[PDB]
Amino acid sequence: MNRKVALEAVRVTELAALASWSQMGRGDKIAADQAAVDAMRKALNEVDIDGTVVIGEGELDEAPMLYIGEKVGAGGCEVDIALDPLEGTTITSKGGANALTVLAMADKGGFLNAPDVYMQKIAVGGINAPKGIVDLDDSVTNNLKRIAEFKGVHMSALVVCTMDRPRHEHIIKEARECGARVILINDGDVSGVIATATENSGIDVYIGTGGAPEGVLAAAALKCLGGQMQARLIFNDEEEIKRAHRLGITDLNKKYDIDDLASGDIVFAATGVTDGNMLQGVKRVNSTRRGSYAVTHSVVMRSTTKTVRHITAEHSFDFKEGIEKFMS
Amino acid sequence: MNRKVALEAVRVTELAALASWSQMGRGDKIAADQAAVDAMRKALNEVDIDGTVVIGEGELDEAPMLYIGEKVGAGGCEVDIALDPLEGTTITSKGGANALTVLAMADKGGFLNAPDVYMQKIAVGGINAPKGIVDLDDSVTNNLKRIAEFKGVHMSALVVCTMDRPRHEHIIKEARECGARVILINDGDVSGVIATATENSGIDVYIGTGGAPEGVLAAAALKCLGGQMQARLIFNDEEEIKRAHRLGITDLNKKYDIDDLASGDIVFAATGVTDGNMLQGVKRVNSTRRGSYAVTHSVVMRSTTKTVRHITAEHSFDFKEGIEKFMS
Amino acid sequence: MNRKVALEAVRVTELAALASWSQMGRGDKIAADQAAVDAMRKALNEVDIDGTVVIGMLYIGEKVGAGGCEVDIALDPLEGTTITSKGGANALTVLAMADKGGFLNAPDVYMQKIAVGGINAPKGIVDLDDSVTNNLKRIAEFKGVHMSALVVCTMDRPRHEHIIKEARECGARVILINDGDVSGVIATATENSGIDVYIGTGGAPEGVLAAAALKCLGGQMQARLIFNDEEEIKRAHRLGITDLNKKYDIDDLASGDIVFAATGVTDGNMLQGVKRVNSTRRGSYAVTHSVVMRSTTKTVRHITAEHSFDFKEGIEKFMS
Amino acid sequence: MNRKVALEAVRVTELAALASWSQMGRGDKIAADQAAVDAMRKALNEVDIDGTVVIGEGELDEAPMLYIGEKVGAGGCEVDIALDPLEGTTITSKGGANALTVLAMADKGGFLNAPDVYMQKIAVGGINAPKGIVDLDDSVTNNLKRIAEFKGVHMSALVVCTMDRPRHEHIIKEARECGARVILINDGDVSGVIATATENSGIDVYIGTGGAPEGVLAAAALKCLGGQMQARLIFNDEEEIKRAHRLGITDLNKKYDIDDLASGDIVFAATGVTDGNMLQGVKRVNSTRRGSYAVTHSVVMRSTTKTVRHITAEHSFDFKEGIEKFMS
Ligand SMILES: O=P(O)(O)OC[C@H]1O[C@](O)(COP(=O)(O)O)[C@@H](O)[C@@H]1O
Ligand SMILES: [Mn+2]
Ligand SMILES: [Mn+2]
Ligand SMILES: [Mn+2]
Ligand SMILES: [Mn+2]
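Protein chains in written order, with the deposited numbering: chain A, 1 to 328; chain B, 1 to 328; chain D, 1 to 56, 65 to 328; chain C, 1 to 328.
Keep in mind that the hints were calculated from the coordinates and are not lab data.
Watch out, some of these pointers could steer you wrong.
[To be verified] Distance condition first, Cα-Cα at most 30 Å in a straight line; then the derived BS3-like pairs of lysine-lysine:
(1) 325/B / 306/C
(2) 325/C / 42/C
(3) 283/A / 325/B
(4) 131/B / 71/B
(5) 145/D / 320/C
[To be verified] Some chain C residues close to chain D (C-beta under 8 Å, calculated; not the full set):
(6) 75
(7) 78
(8) 202
(9) 321
(10) 327
Backbone N, C-alpha and C define an ideal beta-carbon position, used for all residues, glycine too.
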């Protein structure tokens with residue numbers, strides 16, 4: 001996997017984010033997701049890889065573009081790709097927090113090829129955090145005690161993040177009961193998980209259930225940033241079990257370590273769409289010296305080098321023209 | 001009003017914010033609000049003013065501390081004090097975005113002494129924006145068209161902010177219909193209004209109904225930053241009309257210009273509690289060089305100088321100790 | 001020239017900067033310059049170009073690249089070998105790329121330069137044959153400011169004294185760098201640099217490089233080559249230059265599709281230098297600060313990169 | 001010493017820096033020094049202290065304003081004042097790096113009343129640095145070995161800062177010989193020393209001879225930030241010895257520990273004039289949203305709380321008017 005592909009992936013997430021931003025707060029989820037899918041597919045087909053989507057918009061049944069198995073790329077090293085063209089159920093359409101475009105790449109077989117089902121997740125940051133510090137089968141209380149001990153802080157210092165959902169009431173109650181502070185995001189548990197390993201995020205732990213593709217993407221990031229994570233797939237009906245069986249998953253209650261989610265040489269890239277607790281959103285800027293432009297804020301990382309690059313890009317644009325020109 | 005008082009106010013908002021943060025995401029809206037009231041009252045009694053609370057926690061009936069008419073301060077120039085010990089009590093409770101501590105000061109008579117009623121609000125930023133660019137009795141479409149022409153952008157470039165509430169459904173649709181992007185905040189229309197005048201917020205217009213104290217405080221900020229705002233109090237019951245004559249307000253359908261909400265020599269200060277559209281929240285930091293501390297982010301502005309100060313403060317703290325040590 | 005090449009170029013400047021930093025302030029010109037060169041050549045040979053060095065072991069005419077579109081390469085493995093070696097300000101690693109024939113193929117001679125930033129600056133706003141006063145008056149009018157607000161930048165050198173005197177006399181503020189007129193020129197177009205204008209004589213390679221950047225960021229510049237010795241004249245003639253007194257517009261220095269990349273080695277008026285950082289969460293790393301830009305898209309990318317490293321190991325492990 | 005004086009001091013250093021900036025690069029060190037002195041004097045007399053200048057512009061013989069012994073302030077707690085209206089008059093006059101305006105306050109007697117003589121200095125940052133880590137009679141190599149051990153790094157990682165002067169050749173050579181990296185500043189060893197305790201300075205150790213007033217000022221900062229320093233006055237002729245006996249100093253070869261230079265409850269404030277390796281300089285800014293303004297960057301800190309505040313101030317201004325209007 002050539003060292004060039006890392007920086008080429010940022011451009012993909014950037015184009016996808018600018019497309020999404022044209023639809024931000026337009027109250028049309030479908031238009032936002034389609035802008036992002038279109039931009040991200042068109043841009044991947046300019047990347048020099050022999051890519052196979054292993055995590056994408058769905059099965060070829062359901063999704064015309066970026067479907068499982070889709071081959072993408074102009075040609076190059078053989079890589080498996082994990083994609084989230086636009087993170088968020090409604091975030092972008094309402095202008096909510098933590099909207100993101102996400103892309104990861106691994107050597108063939110480097111990702112758990114997750115169906116879109118729910119996944120329980122627990123994650124903590126820290127390059128020196130040891131395996132076993134978090135376990136999904138331990139109580140919230142014991143995981144938090146171990147985290148607090150390793151970080152050297154009183155329990156009330158710890159900021160636990162989870163999604164505002166009824167399914168998380170118990171996590172919330174138990175964490176508050178043992179003294180921690182528990183903040184709630186409305187969506188976007190890729191940002192929520194990775195925040196545990198980002199400087200100055202104000203987030204120490206992530207506990208919650210969210211999308212499985214998002215779990216894998218976040219594990220990719222933390223593979224690069226340092227941290228520990230445990231996840232478990234959840235199945236609501238028999239068709240989800242069939243999807244897993246077709247992907248090779250038969251131990252349905254397997255606990256995946258972070259190394260089982262993403263292994264080997266990993267590249268992870270994301271661009272912000274709206275402001276979130278990982279990356280800021282796209283912004284319109286006017287400057288006399290340099291004119292008007294959109295600003296995107298992105299991050300690309302690589303597990304083998306451990307290199308992390310934060311990127312602020314200025315894309316020239318005459319904002320007298322319609323914003324949908326940012327679509328591809 | 002001495003030049004000393006401006007910088008002194010930021011210490012008040014900082015202490016109120018640290019107190020509030022100790023309660024962030026504890027799910028106890030009362031405990032947060034009173035942590036912040038108690039820190040702020042103690043901190044104000046060390047400020048060198050002869051201050052009278054004209055906007056506060058309520059009337060002496062309902063509020064033991066920071067009630068209307070309360071005298072505060074160690075002694076000094078006579079000023080009216082408009083405060084919000086915690087803008088976003090529920091916010092802070094769930095660690096949502098846009099929670100703030102806020103304090104403003106004017107010479108005697110400088111604020112609209114707003115009762116606790118609702119208030120229609122429209123705001124735009126820009127230090128060259130003309131009086132009349134926005135008006136509450138015009139349609140959304142005509143206001144946005146004037147704003148778009150004044151900023152020199154296509155309508156789809158504009159980002160309108162409003163609170164996610166049934167009462168704004170019509171603003172939202174109308175703004176979307178005429179081509180603008182409309183983003184929704186869950187709470188915190190002080191931040192929402194002030195974002196319009198803050199560099200790189202990504203918010204161009206605020207349109208909404210919220211708390212009247214909040215609109216006076218936001219108007220105070222905008223008087224310092226540059227912008228235009230129009231507001232009107234709403235009275236739903238006879239009791240609200242009674243609070244108004246008790247504060248001396250009798251012209252119920254008055255539309256207030258920004259000069260009618262905050263006039264003369266105005267100081268505005270605020271500190272972030274959580275991350276928001278205006279300020280970053282409090283963060284725990286560890287460094288080998290200096291040890292561990294809480295970092296706060298604050299702004300303090302004065303209208304006569306137009307001086308705006310961005311303040312990042314590092315407050316030493318051993319986080320092996322209980323976070324409630326930050327209280328009072 | 002394919003929209004990859006821009007993001008590939010930053011990696012070249014980043015690697016050369018880490019290598020240069022390992023030699024920072026060590027007092028060894030040669031060891032710095034050979035760390036930088038070695039890393040830049042190795043990184044460039046991973047870039048997908050048929051590159052030919054036209055300005056700049066990395067000798068003029070050297071072919072570099074793994075293979076691709078045909079491009080002219082202007083390079084400064086270490087702009088400020090002296091600079092990195094004494095730990096001075098404004099040490100940068102730099103790379104620019106243009107389509108074939110896009111750069112003035114400048115001999116390594118001195119060059120008079122004047123430059124101002126701004127996307128709407130009309131050509132002729134600066135001209136080397138106008139007085140310093142009239143240049144500055146036109147610039148102050150264009151920026152909408154009183155003359156006393158202008159900050160003019162030049163190098164602290166005897167040859168610049170008349171510039172300095174005249175600019176002060178007409179009321180401007182005139183600041184002096186000790187070297188690094190790549191960064192000095194490009195600061196006129198770098199926001200918040202506090203530099204409005206650059207006037208002075210410096211290396212012609214360095215002038216081409218700055219022109220490539222301003223072509224991307226917006227601004228104007230004029231230059232003229234200076235020949236003090238017969239050898240320099242011969243070296244121009246062998247490059248095809250025979251109008252020794254030509255004034256060059258910015259477009260004559262760098263034209264067409266251009267990519268410019270740089271990474272700071274020491275802190276300077278354009279970029280911060282490389283820093284050792286420790287964090288409890290992330291561990292320890294060197295931070296680089298880079299910029300890369302392209303004239304056809306006018307896309308500008310600011311890049312802060314964290315390179316994980318155990319600083320109990322020798323710093324020369326950042327060499328290539 | 002009330003907490004109110006800390007934030008009042010920043011305004012002083014801001015006013016002096018703006019006045020200095022009006023003279024930056026004008027080639028007239030006199031006019032710069034005088035604009036700074038005038039501004040600092042006037043602003044000081046608005047601060048609520050009973051202040052005595054113990055370090056200032058000179059003796060009443062040579063300096064009409066801010067002379068040793070001068071009383072300053074509007075009235076308040078009694079403090080000794082150590083002033084540098086303009087650290088870097090020559091710096092400012094050429095537009096060089098590391099010009100600062102500086103103000104430090106302490107309880108009566110808490111500064112070394114430094115004479116205008118040269119001072120050998122060595123300094124390192126870090127709150128856990130033990131007294132004795134640096135000593136002027138140990139070799140440069142042994143100081144650097146202890147410092148590398150304390151920072152937990154290979155010697156080759158250390159960055160040593162000194163000034164580019166003949167008198168420092170042996171420092172430079174020895175640091176290079178034992179494997180360290182050595183960066184050179186042309187002037188401004190207040191900033192050079194304080195950078196050792198400043199985040200992201202890239203400077204680990206300061207070693208060199210410079211001004212003794214400047215040594216005291218930097219020691220005050222390091223008492224607030226964490227670090228260790230040693231200093232020794234040096235004397236090149238009788239007039240210099242007389243300067244010391246006039247201030248009561250008779251042990252001419254005393255090695256001063258940091259606690260001998262500044263002790264007790266210290267407030268340190270500084271505003272950058274030019275960009276340096278501790279603070280950024282004053283900049284002209286034009287915003288479409290906010291209009292045009294001068295931005296100053298300051299820091300204020302206190303030794304007893306260890307609170308540090310970083311302050312970015314935007315001073316509204318029409319730059320069509322002459323820059324000398326920033327004078328006082
Ligand atoms: O320049 P010298 O005479 O060699 O001594 C250095 C001392 O003077 C300074 O360089 C300040 O000089 P200026 O205020 O005139 O610029 C200090 O930073 C330093 O303390
Ligand atoms: Mn998605
Ligand atoms: Mn409130
Ligand atoms: Mn060179
Ligand atoms: Mn001075």
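Hey, residue 283/A versus residue 325/B, does the alpha-carbon distance stay inside 30 Å?
violated (39 Å)
Can we keep the residue 78/C interface hint, with Cβ of chain D closer than 8 Å?
With Cβ-Cβ at 39 Å, over 8 Å, it is violated.
Between residue 145/D and residue 320/C, is the straight-line Cα distance small enough, at 30 Å or below?
holds (13 Å)
Using 8 Å as the Cβ threshold, decide whether residue 75/C counts as touching chain D.
At about 37 Å, which exceeds the 8 Å cut-off, the nearest Cβ of chain D leaves the hint on residue 75/C violated.
So, as I understand it, the hint says residue 327/C touches chain D; can you test that by seeing if any CB pair is closer than 8 Å?
Violated - the Cβ of residue 327/C stays beyond 8 Å from chain D, reaching only about 11 Å at its closest.
Given the hinted pair residue 325/C and residue 42/C, is their Cα-Cα distance within 30 Å?
Satisfied, since the Cα-Cα distance of roughly 15 Å is no more than 30 Å.
Please check whether residue 202/C passes as an interface residue: C-beta within 8 Å of a C-beta belonging to chain D.
Interface hint status for residue 202/C: holds (5 Å vs cutoff 8 Å).
Given the hint that residue 131/B pairs with residue 71/B, test it: the Cα-Cα distance must not exceed 30 Å.
violated (35 Å)
Residue hint residue 321/C, partner chain D, criterion CB-CB below 8 Å:
Check passed: Cβ of residue 321/C comes within 6 Å of chain D, closer than 8 Å.
Starting from residue 325/B, check that the Cα of residue 306/C is at most 30 Å away, please.
holds (17 Å)
In the structure shown, a violation is registered for the earlier hints numbered 3, 4, 6, 7, 10, in ascending order.
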